[PDB]
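So the structure is just underneath, and the comments pick up after that.
What follows is part of the complex, with its chains left where they were.
Letters A and B mark the chains as written, and numbering starts fresh at 1 in each.
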Amino acid sequence: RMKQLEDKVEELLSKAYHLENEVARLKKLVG
Amino acid sequence: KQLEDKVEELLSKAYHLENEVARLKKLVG
C-alpha cells in the first residue's frame, strides 16, 4: 500500500505538470 | 471545457489520495 500511494502521488504530479503547460498555452491563446 | 473537467478530476483524485494517505499514516506512525 505504501508503494501504491507513492505511485499515485507521482501520477497526479505528472498530470498537474501537463495541466500547468496547458494553462500557459491557454493564456497565450486568449491573448 | 476540457481543462475544467481535468482539473475537476485532479482535485477529486488528490482529495481521495489525501484521505488514503492519512489512513496509511495511522498504520505507519
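A few remarks follow.
To be clear about the criterion, contacts are C-beta pairs under 8 Å (C-beta built on N, C-alpha and C of every residue); 3 or more make two chains touch, one makes a residue touch a chain.
Within the whole complex of this structure, the shared sequence is present as 3 copies, and 2 of these are drawn in position.
Just so we're on the same page, only the chains that are shown with their structure count from here on.
Mean C-alpha position of chain A lies 13 Å from that of chain B.
Residue ranges of chain B in contact with chain A, taken from their complex: 3, 6-7, 10, 13-14, 17, 20-21, 24, 28.
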